[PDB]
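A short worksheet on the structure shown next.
Missing here is one protein chain; the remaining ones are kept as they sit in the complex.
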Amino acid sequence: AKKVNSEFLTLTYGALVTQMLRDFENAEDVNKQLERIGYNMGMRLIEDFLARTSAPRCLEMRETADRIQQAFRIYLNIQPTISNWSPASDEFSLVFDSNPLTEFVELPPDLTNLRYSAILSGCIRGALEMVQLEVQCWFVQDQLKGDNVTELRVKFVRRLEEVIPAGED
Amino acid sequence: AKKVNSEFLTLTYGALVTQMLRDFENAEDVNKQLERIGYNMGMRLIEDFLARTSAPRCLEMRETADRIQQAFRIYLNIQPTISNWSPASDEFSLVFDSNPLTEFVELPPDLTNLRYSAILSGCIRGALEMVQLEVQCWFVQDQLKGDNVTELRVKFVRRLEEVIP
Amino acid sequence: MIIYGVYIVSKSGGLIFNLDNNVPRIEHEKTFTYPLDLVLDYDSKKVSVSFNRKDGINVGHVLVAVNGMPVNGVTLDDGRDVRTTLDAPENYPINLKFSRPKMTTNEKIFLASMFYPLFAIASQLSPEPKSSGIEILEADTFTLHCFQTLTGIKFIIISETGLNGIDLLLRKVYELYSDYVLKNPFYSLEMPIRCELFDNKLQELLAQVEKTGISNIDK
Amino acid sequence: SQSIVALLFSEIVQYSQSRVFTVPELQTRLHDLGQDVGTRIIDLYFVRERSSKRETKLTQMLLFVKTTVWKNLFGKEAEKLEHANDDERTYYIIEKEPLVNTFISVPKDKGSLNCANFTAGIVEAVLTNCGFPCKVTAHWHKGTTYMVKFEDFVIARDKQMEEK
Amino acid sequence: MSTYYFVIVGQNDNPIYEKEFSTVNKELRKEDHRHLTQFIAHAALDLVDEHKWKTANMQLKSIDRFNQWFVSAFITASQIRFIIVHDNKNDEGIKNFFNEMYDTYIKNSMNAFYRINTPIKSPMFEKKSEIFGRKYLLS
Amino acid sequence: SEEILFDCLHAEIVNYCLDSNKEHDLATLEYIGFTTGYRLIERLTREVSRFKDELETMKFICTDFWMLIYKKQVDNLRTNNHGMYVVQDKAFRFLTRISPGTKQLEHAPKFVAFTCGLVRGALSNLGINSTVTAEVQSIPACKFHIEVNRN
Amino acid sequence: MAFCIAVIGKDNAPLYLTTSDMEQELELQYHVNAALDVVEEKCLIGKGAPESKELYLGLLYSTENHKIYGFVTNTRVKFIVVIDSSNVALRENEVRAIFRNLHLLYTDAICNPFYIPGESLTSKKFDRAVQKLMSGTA
Partner (left out) sequence: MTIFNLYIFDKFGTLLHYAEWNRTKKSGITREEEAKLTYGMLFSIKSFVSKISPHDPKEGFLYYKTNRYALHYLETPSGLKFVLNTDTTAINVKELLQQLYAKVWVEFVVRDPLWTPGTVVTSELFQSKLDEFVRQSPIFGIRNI
């Protein structure tokens, strides 16, 4: 029954963001720790995303893109769209349509340096850590910032696994 | 006709002991070298015996006696009466009414100390160090020495265990 | 039928969670006589038998308590040595009480520590290419199922030889692992599991797996 | 989903544990966050469930909150709402389902209180904004219960209204 | 015409946010009238306390009088007080007009940045106030 | 079967490699062994006549012995222009235990010596009159030429 | 009644025992019997007796109340006994059996490697088996 309301989680997250900003005036630290907790969630979250689909780690990067894409539909019940691949064809752009945590939560223009929902941008980080595929991942257009629809840019950097599943570590 | 395939070992071994004798006069040489060659022999046959029987191993003494009497039964076709059991039961006596290694060589080998079962010792000894049994062997009674019936006495000491793999 | 020991290990391999099912180790009793057929060979505070196995006694099987006197190391609780009573024939016949040495917690920790690189280095240069480490081991009396979550976590549960569909049990323990690690980020990703909630829900899982049928996946 | 909320809330709790050096005012942080969420939970759930209708009767408003907040937050409305006759300021709302243990929780050896306090703070904010300021304490009595302590002023206004 | 003027009285009784809906005139005197109407917000606060204890509904039509002004009071589940001072009443529409500003204030509520009696600063709510006032009251 | 005992025991026969004699075994093993084989021969298809002589070719006793012992008869059995002759086998039983590479020839003649110097008979081709040497050109292909001790 | 059990190699008398149904031959017939046996064996060998088949020869010689049987092994070994009579109750199938057993004991002693071929049958164990054969026939 989805056992949650988008509003409910939105309230919890907004209150938490309020809490950090009340803790540290500088948005730099709130961004740091929010990406830290995004990493933290993304490590355990993949343990459930792989509890349903037993996809092989990475045959190709488009497989990773579709995996992370379906992840949000599993959790946040939104379908992102993958596009804008390089001639190198390793990176990509990913579109989040509607963000439950965002829904009518305005941000102070005196707080612009904050990356509000970057937890997801870090969750995939924490996710991509686990499968031994670290990634330079972040946003190029933010529906939060005033852009039309959310758009995160994924630059994969390097692998951590050999012909054995154990891989380098 | 031609039932008994094997009366040629009682004379092959006879040739062995005679030529060892003619090489070294000492009565105990033809015992100890004969024992070590029968020891290599036992190494070579225990492998095939476990190949057929598929016994797990001689983790116990009574089962070891059973395996050894089975080995004698299959190749040397004699029934070792397992008797004379120690209170600690670490040792048992093998009663061979008829020597299988020989068939009537003769009662006097012209002189004593001529241990006629050294291969038999190897036969019982070698397999043990291959089935990982650091065991001592010795003969308590030999019918060939002017006696009624041959009894052997074999005493396990240490469970041979593999080390530093 | 039961899942003997449900365990799990970190990337380093330290046994995270020694979930022991109820496992009655066999206890043997015998009133022995004058010095023994049993190989009362002393080996590093473990007064056990290596050779001369009788009456369902194994190599591990070690004396626990003669006439209900538990052994401390090698000595009697009253302070006499085992062999001190062994040489004494007046008390004979005397009741020996043998049990296989039950793997304590630190023992199982060391066992998992020594095991881990085995699976980790499991024929790294195996004849077949692109292969994995050991996925299933099957032994004389048990079968171990190890399941790597493609990185990090290794669910290692040992079940009966004839048991089937253990992969689904691994799936459910994966689920309950997530349901636990929900709560404590201060629970480090390599700290041992100490939580009674996981314990009781896995006791429910054990009660279920008393019944073979796993459906709507049974928990 | 459930894993996302359960985890993410867990990081609220433990990040507070980071900024907090002891049990009790850690629990106070949990209470404060429960307040900061209930402070809008209240008037969201007002319109969509109470049909935008106010309940001056403490019993009726409290019962309706008991149904609504639990029905939408955690699905199952709390089992029982009781009023203690010895102390009309102090009533109980027992919820056998632990909302902390929905995400099965920490050993309560190093600590005592949990997300129970967070939902208690939610209840307290709902009460104090409904015009019934109160103290809501999570208690491990008969499992999870929330003891509610009404201000003598508020319960006095109630008693005066309970003079028909 | 009515010199409609809206004011917020918070949970902790401190005023929050105003919004004129009157014709343009007498603005220097309207500053003193704004002080006056904040005082009237307190007086409303006081009276509407017991008057809302009299009832259980959202709207309390009009309570206080000052020989030219009418005071219309709106109480919420948020126990906020939304007050209009106005020479001649327009209550029939403002019941649901208060309902709509209620819904917008809820929108601000989901913005966790806006908090308990935390004074209004968002342009969104200001432009909502402008469009709504030009709709019914300022018209 | 009762083959592995003799196989190993003969391996040790080889094993003692004392630096005195190319015959690790003397013809005594021969004599006693085919004396037992003669115990097997209580019947032989040779006439009873005291006034007439009938010859039992050593070739035939050799092949029957071999079936009783080596279990594969001659492949080539050639009668030399003398009273002597030669036997050739593509394979030998003791040699089935080793590859056909010519590495240690000298063992196999000691193996087959068991048919050398056998307690003879009077008439030519009478069953047991045996003086013979081993001349093996190929590892499984064992060859043995006999020489008449007399003449 | 007396039997003389004799094995014969190429030229000598390896083992001759002169026994009777009661005991060894007390009569001083030793040398005469040995000489007669050797002469008979030599003449018969010169005639043809050397042959492949195990050669049966009953009454191939006939002394004073002692009738001789010769037997031939393809291994060139001979065997002799006599019966102390021109006529006494006995058989010849028994002769076949007893010299078959005599061959059996011969080869079983040949098993003894200390016994080099062509020697006196020294072992009192073997010789008591031989005189047990004697008891079997007398």
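Each chain gets a letter, A, B, C, D, E, F and G, in the order it is written, and its residues are counted from 1.
Throughout what follows, a contact is a pair of C-beta atoms (placed from the backbone, for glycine too) under 8 Å apart; a residue touches a chain by one contact, two chains touch by 3 or more.
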Hidden-chain contact residue, picked from the options B:34, B:114 or B:130: B:130
Residue of C:39, C:158 or C:197 touching the missing chain in the full complex: C:158
Residue, one of C:1, C:88 or C:118, that touches the chain absent here: C:118
Positions on chain B contacted by the hidden chain, ascending: 43-44, 46-48, 50-52, 54-58, 130-132, 162, 165
Touching residues (missing chain, whole complex) on chain F: 4, 7-8, 11, 14-15, 97-101, 103-104, 107
Chain not shown, touching residues in chain C: 4-5, 23, 25-26, 56, 58, 103, 108, 111, 114-115, 118, 121-142, 144, 158
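Basically, only the chains that are shown with their structure count from here on.
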Geometric centre distance via CA averages, chain F-chain D, whole Å: 106
Computed distance of Cα centres, chain F from chain C, in Å: 64
Chain E and chain F, separation of their C-alpha mean positions in angstrom: 129
Interface hub residues of chain F, defined as touching at least two other chains: 28, 32, 36, 39, 42
Contacts with 2+ other chains: residues of chain A: 7, 11, 15, 18, 37, 40, 44, 48
Of all residues in chain A, those that touch chain C in their complex: 37, 40, 43-44, 47-48, 50-51, 56-57, 130-132, 161, 163-167, 169
Complex contacts: residues of chain C adjacent to chain B: 34-37, 39, 50-54, 59
List of chain D residues in touch with chain E within their complex: 36, 39-40, 42-44, 46-47, 50, 52-56, 129-131, 157, 161
